[PDB]
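Below sits a lone chain in structure tokens, taken as the form deposited in one PDB entry.
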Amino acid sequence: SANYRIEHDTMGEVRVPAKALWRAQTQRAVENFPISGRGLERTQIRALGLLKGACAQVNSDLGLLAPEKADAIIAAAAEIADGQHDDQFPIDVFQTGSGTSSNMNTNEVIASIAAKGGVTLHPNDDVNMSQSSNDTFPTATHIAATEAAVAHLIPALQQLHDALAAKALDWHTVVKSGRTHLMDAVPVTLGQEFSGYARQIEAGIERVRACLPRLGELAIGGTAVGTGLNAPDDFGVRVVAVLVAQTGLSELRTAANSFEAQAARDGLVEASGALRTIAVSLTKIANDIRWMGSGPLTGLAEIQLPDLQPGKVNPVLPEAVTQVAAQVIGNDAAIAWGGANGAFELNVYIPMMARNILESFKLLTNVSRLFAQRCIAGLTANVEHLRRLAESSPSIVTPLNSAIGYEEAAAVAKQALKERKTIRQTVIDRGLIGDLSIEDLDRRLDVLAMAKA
């Protein structure tokens, strides 16, 4: 069987692939949890890298760890954090609830990498010095989630907002009939509707920023149960300082309360709530847009979606956005479930929670840029059609009530539909105008003024 170096944990024998930098513990964990076949996300591996490096830096600063060992860890951690080893983390997402396995995985890989550079490290004694698994994995998760929100999800939303706001301006005077309960209503502009979508996204950004104060709080330094036992007293504070300086994420901070920070994962539940709300907003926007398109003769035909690769263009991007929204809502239900079921000094749903929140960040980041660039940007409005429908709608007969009778007017509406003409063109055909000048029919039937832009 293919190249399989042998290794000995006190328990016994074990065969790891030859190109593998992980070691026995990881290989066991691989045999123990063949459940989903999916391992850690890249963003998560990077965060473990950042964290291990910072810890070695601080351990060295406090003179607890020899500088040679520290430097080898730091350089190893840096490759991992730079995404050079995403293929060295084979452990299933569904593992020990504290994330111990993945933590040991990181330690083993760092020692293997340091060894190929002629330095010997003890996975636990050196790489895991001053740390518990119980404070390490949750800290990596909140680092990944915080980076995903600040460096990815927010800029992506900002780009979607800009693209919607641009349409709100270009279409400022594109008048159309409003719809409520799906029925004809008074006039709006396409530009007003898009400023509505634009605000929704802007509010999404505000709600993501509102959760950062708690999403960026870190458990590091709390160790086994939160008492910091066997860590130097200011380990957390120092580690976070190093992480902020290296990543530029001012949002990371030690936890207000070190017990709440390990016994619970409320910050992830809170952030998931914001992601879900954005999914709700996007569902609305994407649904309006595919309806506005929807195809040409038997639908609304208000706008034309660009083709993904340039006439009945399928609303492919709106289908992606709503599918993604559904996934975010599902993930969000799994996160709350795990959030609620901690016991005493440790919540043991972290690997499952991390997987769902990080996927939610990723999906929303990516579909938002796609939606902005390959759909919203290239939309075209059927200006004449929209305006002709607005000017032919019975909803706009009401000003006529001072100029003609309530029954005289309702008849205008009643024929305009029957004979299918504009209201103006109809008030001209029952002979009405004057005694109500033509010049003052135009005034009370000004659909753009009714939209009160």
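Superpose the two forms; the largest set of C-alphas matching within 1.5 Å is the rigid core. Positions refer to the first chain, counted from 1. First, how it differs from the form deposited in another entry.
Following superposition on the rigid core between the two forms, the residue from 30, 412, 65, 45 with a C-alpha displacement of 2 angstroms or more is 412, and no other. Once you line up the core between the two forms, the Cα of residue 385 stays within less than 2 Å of where it was. Once both forms are overlaid on the rigid core, the distance between the two CA positions of residue 423 between the two forms is 2 angstroms or more.
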Contents of the next structure:
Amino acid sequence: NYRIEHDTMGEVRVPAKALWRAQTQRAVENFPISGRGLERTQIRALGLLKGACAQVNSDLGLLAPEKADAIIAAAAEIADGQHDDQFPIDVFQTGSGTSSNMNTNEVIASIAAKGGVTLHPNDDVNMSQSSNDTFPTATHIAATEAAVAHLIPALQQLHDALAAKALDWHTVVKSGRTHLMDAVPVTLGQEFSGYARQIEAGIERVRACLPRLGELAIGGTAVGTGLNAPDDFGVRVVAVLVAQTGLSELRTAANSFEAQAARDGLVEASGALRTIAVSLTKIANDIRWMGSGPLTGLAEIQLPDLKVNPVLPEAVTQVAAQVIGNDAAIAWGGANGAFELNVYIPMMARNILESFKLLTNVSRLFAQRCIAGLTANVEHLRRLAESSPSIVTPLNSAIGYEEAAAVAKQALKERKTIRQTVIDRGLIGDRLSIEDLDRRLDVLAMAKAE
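Now show me the form deposited in another entry; what you just gave was the form deposited in one PDB entry.
Coming up is the bare chain, nothing alongside it.
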């Protein structure tokens, strides 16, 4: 079953029950590429932004109250997720997001028609707007919400789990490893204090990009000049959005031309996500190597079972690879704007929103189902600390580097302890007493735990 709809290019056959109209149906036929459309968070931001625009147009007396009420009601239904099946357009559509903007306009007009209100998708639902300012605004609203309300709390949860282990394992001495080779002692707590700082630095990196990620193009209309919008449209809409979302990070753009010609805020934010992926790869790799074996590996810690494969470190490192790939796609799209508009917005939006979701979800899972339940093999870790030939290092000031190197070489060759080799080489005397040797070779004291 089908019905006839029309646009300025002509008549289009639209499925009888569909709430979208002619322009969405053209886009369905023009872009069957990935088979995936906008995400729930994108549809929510478009619905929120359409409702805020109707409210401001109503406040400025440009749109009749009956029409504004119809738009606001329909836009609220869309934002709440009651019509996600009415957004069938592929991500890989026209680069401005024109087709998804018209999808929102057409669906609102159809919802309002059911309520007995006639709205023109362009003249009423899109009053004072363009896709050029609306689609990147909805993208930056979704990205800012993902960063502030989801990713930062997830990272804070992971930071707190790592910090709890840094405290619990403060004196769990082990051998440090540099270049994968036996080094001087460290504590498992000190290593986890390093992982915790990497995550805290990640939170700082996300926060540092919010002044530009939260910049919205709304009000710039077609090219940034604000033509066909009231001069204070942007400031008024952003105030409505801040009041409704509670996201004080949302702001009008510093420059209305930069806000539409470029998507540099998304490139910057993806760089912060890419850095988080890089830190997470190091943390997850160290954790699966510490849990490796038991017989053929390091067997330093035991990971919670979900013979235990390190499944959450594998999920983490796979997510990090995806974030790195997504980051390359975002920068490629970001560089290729032309004149008044960057036309890679739907692709850049897919990738940045995906990177926020993956990092948010895998960070919470890693914290709760892997980090929280880790157990240390305390006796084995102490034995490893004591067996490194590099424990000879604190003797450098007493016997010199060259003699200390001869001690380590001989201890390994003769299968003797460093302490015994120092004694055997006749190094005990005025420069090093037996009591000093024993103080210097104490592995926990050698870790200099705070």
